[PDB]
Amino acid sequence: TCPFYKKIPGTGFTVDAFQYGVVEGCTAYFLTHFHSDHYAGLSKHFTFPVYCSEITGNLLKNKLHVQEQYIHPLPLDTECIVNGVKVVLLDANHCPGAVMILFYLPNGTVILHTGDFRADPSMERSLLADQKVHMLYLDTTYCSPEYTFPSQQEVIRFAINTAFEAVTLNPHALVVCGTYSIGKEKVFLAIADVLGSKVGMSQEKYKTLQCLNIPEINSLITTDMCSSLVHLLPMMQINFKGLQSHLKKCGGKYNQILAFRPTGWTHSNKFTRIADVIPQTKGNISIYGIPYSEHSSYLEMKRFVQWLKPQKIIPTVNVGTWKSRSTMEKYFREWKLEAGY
């Protein structure tokens, strides 16, 4: 049965709740972003409205094959009526097409659902700046003070440097980047740009990227592997046995791979900075971990919540154990006492 933190009070609306069958009373199913935990359940056979962003809509049509009529894309930053309830979609600064949703209830309550987000100060000068938010449904993925990680711009800097050094040292080396969902496209697009290349990838990955409304995308990507010296592979495949296997296929065209694994947090964030990173090495193949995050650090989350001063907070991540729930509430109480709301 659909959990209460996926339902919006005083509406027929649910959020990211596609895996339970029909939910009784639900006139509308909102989808925050195209990640499989959030969409798990959709198919071609859905005949209830789905409201989502334009970009999420393209992925729904082309990757899952939902029928154009049931996909209601909405533009961002635009006051929109949806069954006589005003709603707004806002950029979540997560993956392509990811949004947060502002719900304006008939009774006067205002609810923000963040979906998955990486909180940022530019959100403090959006339509949120204009009025009070009573209830916050919050992405709590990294709600604990151990979780620090660098800025996205810091990480992209490091990457543009590593890659370009190597390629200029050895002109027969390949850059590989790992992937398993949408998100983090900046890693590979930045590397390719510095190297004067398109990015090469499988047919299915190319299809997915062609749904994202990236400007100039035809100039940036290709399915011709031979012609490219930045390749994307499955994240499963980013290891030595798999990279050897792949290094064979290229047919004596490169004599060294240099790979990047964009990851979330790992325990090596506790004791090692970004300028002081190293790879594992089994012969000519070198694998970097780079902590490029599309979720809020603890500090970024904390600042966003203390600015918003919500009357109530409902976590949507790490809610499956009493210990995590209890740990999170304690942080929420500190934040509230510090900030005086």
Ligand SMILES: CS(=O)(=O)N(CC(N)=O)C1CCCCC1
The other form holds:
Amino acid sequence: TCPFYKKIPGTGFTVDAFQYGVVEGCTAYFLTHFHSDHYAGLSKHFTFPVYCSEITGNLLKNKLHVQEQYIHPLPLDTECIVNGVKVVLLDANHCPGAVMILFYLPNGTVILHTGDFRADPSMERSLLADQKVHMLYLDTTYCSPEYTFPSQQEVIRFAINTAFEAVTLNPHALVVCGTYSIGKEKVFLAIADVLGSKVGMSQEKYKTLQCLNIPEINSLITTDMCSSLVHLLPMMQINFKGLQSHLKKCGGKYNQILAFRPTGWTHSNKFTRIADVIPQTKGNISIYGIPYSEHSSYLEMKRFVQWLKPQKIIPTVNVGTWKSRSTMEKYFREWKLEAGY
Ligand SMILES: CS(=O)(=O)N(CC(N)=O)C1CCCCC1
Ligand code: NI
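If the one shown is the form deposited without this ligand, what is the structure of the form solved in complex with this ligand?
Following is the full complex, with the preceding chain placed first.
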């Protein structure tokens, strides 16, 4: 049974709704981004129209093997008509290819679905500036004031400086970065750039990255592990056992590992500053957890919503408990009373 918050009223449209079989009345299925909780259910046998970004379309075709005739890519920042309804895709500042969707309903209502997003003041000068939005379907992942983290720029500065220092001190150190989905590519690309290396990875991860329209990508990544001193591994292998095992396979080329686990928020944000972050260490292996978020902080979310001034908000994350739902509704009312809308 498809839940109400994945349906767009007054249309034949759903958003991120592929795990419910054939949804009654759905003439077009929108996909905001290529993360498994959102695409769950799509495969080579899907036979309905899918609307998405070009990058998402590349991943559907090459990784899930969806047939080309059912993939409908749309350009960003461009008014398009889909099954008689005007829509616009906007950059979500999430992972590559991720979008927000603006729907202009036949009755005059305007709906924004954020998909997953990291709110930014730059969104205040998109096509959102032009008109009123009545309903907002909101990525509420971190909708509580305890959720603080630094800018992406500050986290990358920390990672670059940390990696460059370690490898300049010991030229026989290897850098490893964890991954389990698309997103957060800047972490490993920025470290490899400062070290003058390509990023080495499996054939499967190389395939994924080749779908993302990143400029000059062939100059930045490789499947030749022996040529690279920055390696990507599955996130599950970023632990002392898994890294010890990987070091053995490198044939005495290296005598130290510096590893990075880009998490979302963790409780150590409530205590510590980014500059003060320290690794976990056992012998010649050190592991850094770095708070690189592709979701809005509480303050970023609050600013976006108080700017947009929607008439109704529908959360799309943390919807499963009465405590979470009550907490979110209390913040939405606070924000409106403070701003005066
Ligand atoms: C826009 S708001 O004031 O924050 N809001 C809560 C919400 N979920 O939109 C409600 C206001 C009263 C009518 C239902 C909507
Ligand atoms: Ni996501």
